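Worksheet: the structure to be examined is printed underneath.
Every protein chain of the complex appears in place save one, which is left out.
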Amino acid sequence: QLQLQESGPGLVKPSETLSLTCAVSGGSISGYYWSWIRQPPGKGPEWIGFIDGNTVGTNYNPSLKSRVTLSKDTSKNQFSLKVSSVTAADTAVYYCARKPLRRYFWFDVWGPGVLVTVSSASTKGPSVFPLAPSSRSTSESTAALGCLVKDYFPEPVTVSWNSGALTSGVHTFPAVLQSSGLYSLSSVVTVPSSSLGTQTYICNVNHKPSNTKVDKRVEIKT
Amino acid sequence: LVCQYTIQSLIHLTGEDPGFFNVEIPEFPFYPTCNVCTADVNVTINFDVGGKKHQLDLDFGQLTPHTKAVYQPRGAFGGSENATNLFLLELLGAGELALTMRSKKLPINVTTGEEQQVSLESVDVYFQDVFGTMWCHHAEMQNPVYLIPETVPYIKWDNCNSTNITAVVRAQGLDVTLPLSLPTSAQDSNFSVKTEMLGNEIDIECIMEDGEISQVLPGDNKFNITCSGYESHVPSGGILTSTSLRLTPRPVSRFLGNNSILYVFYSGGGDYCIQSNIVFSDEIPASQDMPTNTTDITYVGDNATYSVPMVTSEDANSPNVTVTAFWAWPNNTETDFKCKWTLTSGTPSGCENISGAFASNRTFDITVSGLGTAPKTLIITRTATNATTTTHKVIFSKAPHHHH
Partner (left out) sequence: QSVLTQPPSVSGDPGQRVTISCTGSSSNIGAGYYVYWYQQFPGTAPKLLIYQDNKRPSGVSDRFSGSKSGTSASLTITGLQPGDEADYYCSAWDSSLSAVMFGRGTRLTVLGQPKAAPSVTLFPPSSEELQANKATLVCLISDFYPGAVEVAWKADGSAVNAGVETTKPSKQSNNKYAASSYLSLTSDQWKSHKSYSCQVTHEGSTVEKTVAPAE
């Protein structure tokens, strides 16, 4: 049950230096090799390079050797990545993956991946609003309530409902790219109306690039 | 078998396969003070393809130790898409030779194509000298290889520190000396070094047998090293000296090609790596002649006599015993190598003014009578079944009178 967790900023200005860290738990850095793979949306994966888990040895993709540095910390059980002079071609999802064998180049265990966007535009915290059911008016049998996440520029947004307790009937939709350049997302969970007025329903929206994290209560308006 | 004297050896792989297979044959006779001696050497490699036998037959042709040190087979009969390029016969000096085969590639000609799998069972080396005696060596593989055909990627650790110093490797033995870029004091010690030789589809990894010393001595503190591959009889090791590090990894093979890199990773979280280019010298490190002891026999009269004792104390009362003799620095191969004797063989035809007979206890007595007024050297070689071969340098010098 070795797991990899990437961390790092979601928005980086052009010409700055991108920096991420991959945390490895359930396993050891030593005895294996560790690599970074990036994948821009709509395109295939691109290999960056790997780092030896027992030496200083690094190997880089020659197309990126000039601007990429790989490092590891055997303590804290983690290895990092740095990209210099980032451009609009460098915005992608960045994956940290284990390279089990040195002779051969394959990656068995990957991390979930973190999206990094490179743009001169500003990040923007979202306005979250409650989607209350007009269907709650007219006493229809099951009701749909949700939260509207509106006007955020950096893509990564995460929404949950009552944290772990509510995981059934919740449908989180992909966001839109409004012509203004800002993104809007919605997340709705369908619930029986019998338990509507007794159980409390709150959504948890997380927008890491803009440091916002808001828990919004959804209820019936009258 | 065509062989008149054979001895066997066991070869086992230590670590993972580095991409080549190495076997050393030390006992073949390389006659000294003979710039004209040659040898015919064929090699047969025995595999098993699906539990069924398959032989690959290779001929390296005629060996010329005085001029050429690296050989490739002239023809291949077991067959391969290209069998000859994957083999190498290299002289190591002092009568020793090494045969190298590139693993990770199929040298066998017949494949169902369902058996990518193939295992090496044994290797037979045939050695015919000027005297016409057939010497053989049988190299049994302790564990069947089961080799897999592959193309390993060639990577470069492009973060290490380049060194002006270059590593030279001669007769498969690499030798290099590097300075120390280590911040920690010698007393701290706990110094570990790991070496990797990459190039031309083969990688070699060497490590400490005993691990980190953890004790630095201003005086040299030596350390054995084990290298992935078929380890040579020659011990491989290194030494770090308080001030420099010298390394001698033994299985280094020419199949690495030119411009290959030796990476040296060392430590004592601070870690370091030094890379160095390696070059394969083409000159033999020392004389290819087998070691020969020199004895002085004095004759006050034209007749002279030397006694050839039993060989290397082994196989007393042997089934086969062969004794050869020839004059120092011969010029003609068609007449100078006729003086050969065996237990069954009688007086040789072309042997002139030399006589020999096997006395009880096999003390072969040679009557070299016929020479005079000239200090001449007779090269006598004796062998027996399962008995290492010895060669004697016998100098005959005239003596003025008897009883001195």
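For reference, chains read A and B in written order, and residue numbers begin at 1 within each chain.
In the analysis below, a contact is a pair of C-beta atoms (placed from the backbone, for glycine too) under 8 Å apart; a residue touches a chain by one contact, two chains touch by 3 or more.
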Among A:8, A:125 or A:130, which one touches the chain that has been omitted from the display? A:130
Just checking the interface: what residues of chain B touch the absent partner chain? 149-151, 153-156
Residues of chain A (touch criterion as defined above) contacting the omitted chain: 39, 43-47, 61-63, 95, 97, 104-108, 110-113, 127, 129-135, 137, 144, 146, 148, 150, 171, 173-179, 184, 186, 188, 221
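By our rule, only the chains that are shown with their structure count from here on.
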Go ahead and note the Å separation of the Cα centroids belonging to chain A and chain B. 61
Please output the residues of chain B touching chain A within their complex, sorted ascending. 152-153, 155-160, 194, 203, 263, 265, 269, 271-273
Any idea which chain A residues touch chain B in the complex? 52, 55-60, 65, 73-75, 103-105
